[PDB]
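One chain comes next, on its own, written as structure tokens: the form deposited without the ligand.
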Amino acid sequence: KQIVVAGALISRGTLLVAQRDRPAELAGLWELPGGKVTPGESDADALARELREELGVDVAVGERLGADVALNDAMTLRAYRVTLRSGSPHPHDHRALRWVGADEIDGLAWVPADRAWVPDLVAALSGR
């Protein structure tokens, strides 16, 4: 399986979410930003590179968040908690960025692949 890594950037019990601009079927919906691991990268290398490219920030990559998602038979999607070491996030590809708290996560319109992470993300902001 190809691995796609996503980041849950958490700061003082708020989470950075990123609203997709493409393709049409996901545009307007919200995600944990990230992308494909390229051959030879660790999960951490790939995720740090992706958030550098997409947000212009340097993150420190931590623990897994939630369950892996089977995107297909050939592709798996995995989230990690991350923290903000340097930079201030600005959307490069995305339509918008938002910081949300625990009681804001459930009402967001998530991309489908991310939806099952909602409990896990709420628990992360809650300390539970």
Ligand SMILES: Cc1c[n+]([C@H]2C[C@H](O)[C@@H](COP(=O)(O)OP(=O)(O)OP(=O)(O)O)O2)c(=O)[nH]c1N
The other form holds:
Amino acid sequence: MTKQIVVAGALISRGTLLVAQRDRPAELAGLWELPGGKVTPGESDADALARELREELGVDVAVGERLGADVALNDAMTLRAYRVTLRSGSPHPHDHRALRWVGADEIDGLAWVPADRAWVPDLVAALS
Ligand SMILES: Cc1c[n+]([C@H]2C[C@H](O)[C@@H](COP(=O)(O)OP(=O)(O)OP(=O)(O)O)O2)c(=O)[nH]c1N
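Having looked at the form deposited without the ligand, could you now put up the form solved in complex with the ligand?
What follows is the entire complex, opening with the chain shown before.
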């Protein structure tokens, strides 16, 4: 068996990180994540992530290098983050409850969705 991929983006602008507050499902609603979503059939990781961020945030990004380690979300799925940079737009929460730009001092204490917490040191490092 092979695992489905979920891609997430670490958008850093002016030394701060975009985080996004989920509105669904109930178990994650109110918690914060790196925005992204499931890769659909035929898509590269970059294609999927750029599409998700265009849909969720209304921005065009360039997809860069991996950020941190892959995370086993559950027995079916693997979550991967990439550094992304803003080419065009201001993020807007189409799907999320809220967005926030956070600096290094606000990464550890943020109410992360459980899976994304694994990336805290990587995110702090990328910001420092
Ligand atoms: C983007 C993302 C997603 N995560 C989890 C939440 C879900 O259990 C699964 C899929 O993410 P989701 O954002 O729901 O993907 P969608 O593509 O929007 O899901 P569909 O409703 O299936 O389209 O990954 C997660 O833990 N962290 C994170 N940064």
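Throughout, rigid core stands for the largest set of C-alpha atoms superposing within 1.5 Å between the two forms. Residues that one form lacks are left out of the comparison. Numbering follows the first chain given and starts at 1.
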What is the magnitude, in angstrom, of the C-alpha shift at residue 61 between the two forms when the rigid core serves as the superposition reference?
0.3
Cα of residue 24, core superposed, displaced between the two forms by (Å) 1.3
